[PDB]
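Next up: a single chain in structure tokens, the form solved without the ligand.
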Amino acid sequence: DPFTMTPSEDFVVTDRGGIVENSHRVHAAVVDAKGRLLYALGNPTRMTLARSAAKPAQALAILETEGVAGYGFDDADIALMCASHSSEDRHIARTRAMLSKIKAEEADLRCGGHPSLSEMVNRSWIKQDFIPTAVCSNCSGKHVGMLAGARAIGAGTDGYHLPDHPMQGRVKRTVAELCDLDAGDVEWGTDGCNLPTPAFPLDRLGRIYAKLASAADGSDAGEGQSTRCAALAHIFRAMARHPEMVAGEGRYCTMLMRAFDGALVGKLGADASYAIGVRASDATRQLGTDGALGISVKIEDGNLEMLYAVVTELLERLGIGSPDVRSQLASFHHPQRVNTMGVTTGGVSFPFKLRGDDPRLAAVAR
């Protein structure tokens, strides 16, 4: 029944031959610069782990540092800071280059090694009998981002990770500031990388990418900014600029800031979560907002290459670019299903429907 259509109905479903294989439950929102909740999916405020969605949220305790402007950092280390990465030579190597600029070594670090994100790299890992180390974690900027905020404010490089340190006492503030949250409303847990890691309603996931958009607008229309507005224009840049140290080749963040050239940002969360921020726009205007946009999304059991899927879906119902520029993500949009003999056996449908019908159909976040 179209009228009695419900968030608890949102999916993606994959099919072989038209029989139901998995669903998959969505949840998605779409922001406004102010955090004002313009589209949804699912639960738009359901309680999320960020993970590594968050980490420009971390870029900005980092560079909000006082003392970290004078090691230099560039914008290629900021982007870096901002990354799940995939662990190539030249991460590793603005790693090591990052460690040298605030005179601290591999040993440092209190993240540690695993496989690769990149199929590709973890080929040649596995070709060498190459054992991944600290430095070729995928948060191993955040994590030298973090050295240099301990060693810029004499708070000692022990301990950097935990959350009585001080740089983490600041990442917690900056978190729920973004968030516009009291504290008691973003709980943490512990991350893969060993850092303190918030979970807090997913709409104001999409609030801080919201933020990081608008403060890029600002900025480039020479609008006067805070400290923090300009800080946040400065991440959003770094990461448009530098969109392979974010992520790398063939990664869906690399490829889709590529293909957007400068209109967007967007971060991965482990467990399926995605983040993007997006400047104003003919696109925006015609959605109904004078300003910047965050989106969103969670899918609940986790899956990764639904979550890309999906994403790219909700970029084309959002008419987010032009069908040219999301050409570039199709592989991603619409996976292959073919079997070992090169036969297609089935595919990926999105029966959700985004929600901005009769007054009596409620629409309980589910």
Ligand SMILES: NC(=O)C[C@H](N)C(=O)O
Given for the second form:
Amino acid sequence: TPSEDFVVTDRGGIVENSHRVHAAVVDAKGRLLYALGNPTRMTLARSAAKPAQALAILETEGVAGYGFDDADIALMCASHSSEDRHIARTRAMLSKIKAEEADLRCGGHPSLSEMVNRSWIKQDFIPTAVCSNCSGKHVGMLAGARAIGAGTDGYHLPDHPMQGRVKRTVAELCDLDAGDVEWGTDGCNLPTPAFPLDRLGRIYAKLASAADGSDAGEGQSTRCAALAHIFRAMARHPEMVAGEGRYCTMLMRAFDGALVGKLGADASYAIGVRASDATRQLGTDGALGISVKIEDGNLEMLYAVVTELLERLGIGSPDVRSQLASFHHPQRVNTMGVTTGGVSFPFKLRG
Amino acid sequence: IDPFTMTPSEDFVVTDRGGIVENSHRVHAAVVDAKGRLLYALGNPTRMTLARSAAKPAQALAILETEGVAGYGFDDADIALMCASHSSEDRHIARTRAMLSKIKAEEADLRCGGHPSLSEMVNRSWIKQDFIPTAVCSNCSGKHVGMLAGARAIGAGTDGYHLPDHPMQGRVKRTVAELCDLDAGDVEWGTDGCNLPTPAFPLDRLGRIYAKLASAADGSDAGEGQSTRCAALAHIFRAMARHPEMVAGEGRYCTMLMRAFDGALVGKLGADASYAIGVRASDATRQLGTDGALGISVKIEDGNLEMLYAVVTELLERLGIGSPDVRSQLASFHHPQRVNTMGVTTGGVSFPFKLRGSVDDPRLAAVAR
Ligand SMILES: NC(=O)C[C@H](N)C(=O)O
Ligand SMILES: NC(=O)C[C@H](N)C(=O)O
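With the form solved without the ligand in hand, show me what the form solved in complex with the ligand looks like.
Up next: the whole complex, starting with the chain shown before.
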């Protein structure tokens, strides 16, 4: 039943590569509104799960006492580029909980920004724990472990109360039983979840619906309040969520609060869209969630597809979306500056 | 699922994290004999495919068959560079300059452009020095010098040697079609990263080209009288196998593969994850059911290079080509490391594809896809 939905690159009209696309567009309750490919594909959310992990952090008893601010929370939600400012905020968050880099249980890695990495290579810099793109999430989990008086040495271990909280919080936001979320080990060495792709879109529709309810002044549950805070923090500090030149940062800056978006490693993407004229035209009375997976893991194709999807869905104005033109139709020019090909989207959204 | 209803559309290489599927990649492959007969396949063995740099031995043949080129005294290592996607190591740049000197041309005459090195270790050196690579650094620089050489030798004029209407490119186009045994209209052309025309043709015909390279080396080694074309194909095989480090560079798959096999085959990468291998006749080829040389071609549909090298190494194991000792020099490519930032292995690579050729119910259709 799932369609054969591809993004296709060409050289002079000749097919070069093709990439299978899965996508789910869901309403605030998770009802499926549109799809590409298999919208329930079992999928490792990777960093796209970080807002749910941030919720588990913020709901931990005592964490409020550390005084994390909106930018700090954004870093919790981040796959950052390890820019100097991300490292500086990581250290500033460590000081708030009276911890040090040696307490982190994540490891360093080449930067997610090629430009940052080239700067590191030029200076013989070896990245350390504090440079991890997940460093904000790890400081938050350290904070939560310290807050309830758990040991900090193994805050990252599955049998630690902090991961118990994380596991529970992910299943709850997905509206799934414990047994329907699978877990492996992330690149930062935390447990990391897999669940049907549509449930990733459900998380982000719940983020945006919470922001909507907070804007509207309602008897919001504390959990919705915290989801609303996470949404506001990501959209207020999108540079913390990724970095200069990064899709997530340029996307959220372009939309100036109308949505949040977040990358997952190996080419997953999630967007939470606040209710707008666009969502209403799409047939829902509330917020909307979008989740996308490129089957083979290609990031360049992910960003192209996501921006094409936003265009198909009518989300944003043409002028707003044109800020992402370089991601939507990636450059295909050779060493002599000649255009050799392009990218095409032969898929069709099914309602 | 069902082992008795498996299909080419299910030929995948798959990565996992703790057994949970991360990515999956469709595989296409063709294994052919020296006449192009299809012996084994994965996916769609006739997929229209841009050969990219895997066409370079065909381009090198067109260069070497250009009347007058023999006078320049290009040697075996020069020819291997014409066949190369090199790493832009200093020796590759130096040999490019040496070849330019042999034809009395200049770097300014190259019509290819620089790019980040194909080797991460070379590229790191460049980054430290803020070096901007130039034409002479192109991974295709040996091919371009050969094309310049051919243009000069025939009196054609060098300024547009890379353009489709230039005789050197007419010669390339004719030569590719001839080696593929295709009519001109069954080969399509686009423009490569190095700014030359680049061919696309059915994937099996890429294996056919390399089958012919290996077949020519067999005839040469055995002392058979050969056509000028077969003699030239045998020289190209010889050059690549004797100077595999010119064809790629240190740490590169093609180099390690050809060193490991020590003359038994040649192999060559094409950009966006194609691979071609020409295998001299051997006990292994005979057990696979042919009395001559063999060619192999592989394309990963989505273009992932790491998956290409794993698949190609798995395919050699499945074909019984090599020894476990020979192929174990390629172990790092065969099963790519999946180690996280804290030294913990998180997953791995698996090969749920099924070679077809020689078993199933006649009622199982093998729809190439
Ligand atoms: N951006 C990412 O998905 C990072 C991922 N959570 C990792 O640690 O590997
Ligand atoms: N390896 C490759 O295919 C290189 C390709 N011929 C290019 O133009 O760069």
